[PDB]
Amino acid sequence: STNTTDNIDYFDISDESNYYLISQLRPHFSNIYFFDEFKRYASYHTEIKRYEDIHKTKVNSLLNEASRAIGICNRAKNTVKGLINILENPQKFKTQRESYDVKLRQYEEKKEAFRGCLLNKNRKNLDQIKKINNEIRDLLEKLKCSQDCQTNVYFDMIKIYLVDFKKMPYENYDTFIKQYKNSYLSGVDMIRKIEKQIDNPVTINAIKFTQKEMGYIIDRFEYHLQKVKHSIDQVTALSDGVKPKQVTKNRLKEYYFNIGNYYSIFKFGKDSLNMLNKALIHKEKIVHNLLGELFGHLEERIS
């Protein structure tokens, strides 16, 4: 419907140490994608078969626990959405009595409560990530090799990842966000200019409100776009670099964690970009509609 945010999946939050980024989209942590990748690596190594058990019982548990945790925050999610829907939509704002300043304050408070819930309910889950990571490191010690560990699985995965990465329309996301930022800045500059001449506080405030959310969503989009590009570029550099047939076991652990990290961040970023792209287009529609309404009331050309 008109000028209404229907989905607020774009909010995210990281822990205080900034090691972990929590997304509202499954699997919620990029690390779960890394655990899913290591399932693949593990299948090439007879010695580390126990990972099949760890994945089934610990990784899938953690994913469900994350989903459960996120689900607990649904009432807080709805509360923020209700406030957004009032603030972005003058007609809706006009059906209640509080001042715009008061509703803004409420929104700020509930938004932080909601984001805080996404983190607080996932704290034990974050601890489980570190434990599984360490379990994987310990497990790789079981590899028969010591000084001469084969790198074929590593390089096989890199070849598969290069093909997978080509499926991402990177250039399109880049072109989109550049055009979008240009339009966004123009809209902010427009409001700075016309608000001097136009007396329509609720509509101007609604536009500013939506523009502040757009700035946040753009920031989130650029964060993931950069992460995706880094993964593509770095894994490409590995495929173009030296190709040792054999390395130490500790080195092979680092190899697997390195490409598993790049691949999981890539997948997590792909998920988020798709969602954020939709989010941005829909916010921009609201700004278009409200700017159109602002100008529609003018009886003469504004200079």
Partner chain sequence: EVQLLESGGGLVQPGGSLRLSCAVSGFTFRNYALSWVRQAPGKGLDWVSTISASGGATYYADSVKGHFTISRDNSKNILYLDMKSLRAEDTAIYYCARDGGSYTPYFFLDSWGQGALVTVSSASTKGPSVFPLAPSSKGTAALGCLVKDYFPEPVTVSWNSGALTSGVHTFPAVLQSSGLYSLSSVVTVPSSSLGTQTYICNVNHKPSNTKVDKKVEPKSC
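Shifts are known only where both forms have a C-alpha. For the two forms, the rigid core is made up of the largest set of C-alpha atoms that agree within 1.5 Å on superposition. Positions refer to the first chain, counted from 1. What changes on going to the form solved in complex with its partner chain:
Here is what shifts between these two forms when you lay the two on the core: just one run of at least 3 residues, every Cα off by 2 Å or more, at 295-297.
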Contents of the next structure:
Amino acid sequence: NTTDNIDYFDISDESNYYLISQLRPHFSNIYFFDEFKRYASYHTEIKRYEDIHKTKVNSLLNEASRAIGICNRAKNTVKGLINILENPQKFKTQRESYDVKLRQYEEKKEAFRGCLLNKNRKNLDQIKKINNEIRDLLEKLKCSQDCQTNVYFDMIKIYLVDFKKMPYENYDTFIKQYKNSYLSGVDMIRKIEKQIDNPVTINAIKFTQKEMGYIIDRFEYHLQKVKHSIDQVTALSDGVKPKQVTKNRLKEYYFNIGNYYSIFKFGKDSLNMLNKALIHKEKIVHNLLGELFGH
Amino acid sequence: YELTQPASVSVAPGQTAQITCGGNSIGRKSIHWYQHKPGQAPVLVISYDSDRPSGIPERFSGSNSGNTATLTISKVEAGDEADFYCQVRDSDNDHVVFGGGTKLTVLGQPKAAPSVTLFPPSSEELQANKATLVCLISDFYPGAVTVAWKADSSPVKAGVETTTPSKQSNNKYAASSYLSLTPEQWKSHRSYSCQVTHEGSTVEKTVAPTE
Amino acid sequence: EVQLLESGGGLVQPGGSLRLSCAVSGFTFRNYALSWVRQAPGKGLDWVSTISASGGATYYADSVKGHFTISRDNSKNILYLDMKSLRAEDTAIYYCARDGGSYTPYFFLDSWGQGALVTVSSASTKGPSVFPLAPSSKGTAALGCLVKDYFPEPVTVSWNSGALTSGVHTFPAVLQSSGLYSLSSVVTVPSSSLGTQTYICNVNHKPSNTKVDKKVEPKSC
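Write the structure block of the form solved in complex with its partner chain for the protein whose form deposited without its partner chain appears above.
Below is the entire complex, every chain and molecule, led by the chain shown above.
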């Protein structure tokens, strides 16, 4: 087959706080903003946020899709090298070596990942400014030492039902069996490498395994991030149940479940995309394995 | 999974070294070899049966078929003296398994017999309700000695604190062995003897409880 | 070049806890999988635990699952190893090593570190007990000086205030089951003058600030 889509690449900033994604909304923080509009509706003391989510959040959403779109020219050059290294027919037409072509892939791949971060650096400062507005909006609450946690605990019940609509049990079994076939495919092609005079086809399988290795790690990251949100929120429903907290403790409560649930939905969108990529690249390996003898 | 490695291999400088690593159906697994110099960082010499990373000379070679894999060093030098380890991954429980280790000793000097010096307990230690026998081993090569203690021709295993051979400045090794005895055990015998065995040769010293 | 720098190892009491750290120089920390391998005294390389490049998966050994815990920090680019309950079986040198695979561990080691020593013993600072080792009631006589029950290393031993330096052989110390060390220093001397010549060993211990001068003399009785 052929790698028709390369939406599995991503990039994080130097602080590793913000994770860029090619899929919308490109930020797990935007899902947190979508969830705070739900928090502000239950509070009759916060009414200015409806206009913030309608302008400041939509501007950050569109600027994110725009900043990702600028790297489309760089994305196609990286994708083009992926299709050359994995297809022996396309590689046999070009004149450069495989070591040179593989090093170009590693250089261009980081150029695309570096583009997504650098073009979104202005948006990274925009996310921080919206968080300070939310923290300032919570300060305007009338409660000081008597802030009710009913809205905070009612949201935990809503989240746990939404967590059940997640095939976490199916993803863990899938990734554990996919790796067993992966390392078996690794050890297999190296044993075969020394017994077959077919350098291009073997190298194409090696390169796909390098691509698969990157996607398996991105799959395990989001899969472990979905689990942490499910387990930590569950721990909140089985912990203390304070009737009234301080306004400072209330801000931390909304930012806790708000950040937990946003990472959950952000990982669910990525795990779906990363699942199709793992299946697709596994098909490309077997199509290359069947092409080992001839054609 | 269990990998079996010969504990020691001797090579003369210029010859070819062959370190073996064994296991059941080894020919179906990927094996990587590591060189480890004491005090230094281990080095991946051969990985995936036969491949060598950059910076590794062609003297190092790797094979794998059937039940054993062999690491081969063509023109061994004194600088290749280190203990080597084979490594395979156990796909069942998913973790790394190493071999027992193989000390590679390059014979750069003739064999040297050890020098045993046995000491009785000092009269000051006996006055302090204690007693210790000191068996000092020096100037032997290669560094592999086995110490056994006798109490009037009777084997002793309690109170023995033997140390590891240490390379001296002349590339020769030294060792020590201390026997801790209560003053009653020391006096209630006719002779204590330290027995040092090196390369199949045993050197015996003896001390009498009298005086 | 590519190198990994361990730090944090040292002395822990049985049951204590240690946080081992590992810095990286020569490559991007986020893109590679890392692992820990330890080597017990007199034993071979013992694999401890490995981790994915992003922390998605972590792998452990059976004799390790209880206490050790892998930790990663892709922001500060630091790799950790937390030891919950230390036992006597855990005394070893721990090597920070990285997996040669792409992001997910291929389970073969690419680079290694110099290692970090971790010692598990209740031993505390203690001065030594110096005892003279008389000759065998003897051409050449061999008298010595016994330094026993001290912690930690090292102990400096000279002879005749540094006058006798040839023929002396200060032996490497032994590590007893009591966690304390003991060495021996023996000098080759003439046998016809051992009763009339002065042979004195002076022991110095930096930790305990113990300075002992012991005179060696035969016991012909």
